[PDB]
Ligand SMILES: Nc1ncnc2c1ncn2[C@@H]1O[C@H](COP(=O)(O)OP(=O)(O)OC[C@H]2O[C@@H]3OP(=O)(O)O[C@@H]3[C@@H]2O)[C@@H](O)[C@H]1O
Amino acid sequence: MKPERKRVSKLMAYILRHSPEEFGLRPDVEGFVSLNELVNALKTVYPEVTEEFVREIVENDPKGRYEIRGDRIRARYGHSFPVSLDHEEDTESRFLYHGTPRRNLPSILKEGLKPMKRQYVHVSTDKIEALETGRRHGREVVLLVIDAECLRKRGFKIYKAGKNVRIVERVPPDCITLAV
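Now give the single chain's structure, the form solved without this ligand.
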């Protein structure tokens, strides 16, 4: 009744803010997942959850935690992964940066930056922050320099994801150059 809604809501917020990948979910750039996919993910822990139950959680949430648009759902705040909540485009940046561990560099040079268990990749306007973000993934980080105008001309819109972080669907190898 009351504890039911709270325990399901706690899982909902964790999934939507923190680790959609632990449930096989891939949010779009605005942080939405489909309502059906979220229900199926909740159902693995609480089999009694239905779409109507999730809708009532959203409608009755005292803090504005969630938003349903059409048949997709997101958390409105508190994300620990890069999102562009208002879909606001970065049009001014000329160069973006991504740090790749030297071990992962062969596949990235051939294929570019491809999204993995996510719908988009993340890069930075700042080369030092790009290298620090890459260091989290392994040693001997190699700096990739990304031509933002090449990305836009190729049809990839670049979105602001807070401070110096940007997200984009993928980065083709043609928009990438190496640096020490």
Contents of the next structure:
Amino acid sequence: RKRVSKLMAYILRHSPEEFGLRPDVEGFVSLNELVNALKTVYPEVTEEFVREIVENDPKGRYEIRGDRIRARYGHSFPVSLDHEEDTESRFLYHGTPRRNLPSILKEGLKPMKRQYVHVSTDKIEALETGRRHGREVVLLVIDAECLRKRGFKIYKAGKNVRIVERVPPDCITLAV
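In place of the form solved without this ligand, the structure of the form solved in complex with this ligand is requested.
Lone chain follows.
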């Protein structure tokens, strides 16, 4: 389950054309074609097995609309997402290795290779995300009203994941 969901993230977010799949402007690909692509590496994968990963994913990583499937965030190619805006959250969190602090405190959170900067409404998931890149990880606290007043709307892309264009430095209130 974890292995296929990882390769599903690589296909839907980064290199769908590597498997001969062309996503539409919303990032959607046909579920039938992705199953055949997943079968190129793991032949035992079925459409039901794919619907299990989407239905049970603890982050709401994937979305199925009719006969199409997409990753809801994490893209490195630009897509057109229709997620609802988050006007509720007061604070948002981002985990990052300690080495990135001088540049983040100066330039703010940039999207890097992804289309959007990714933050979370949860401290654990934010810190867990940052641990993917290093050992000494710090928790960044982001004033969500600071972002809105500066014209950077936050969108509800996952259960707790939130995407935003970028985070200016003075919207980071605390590093722990």
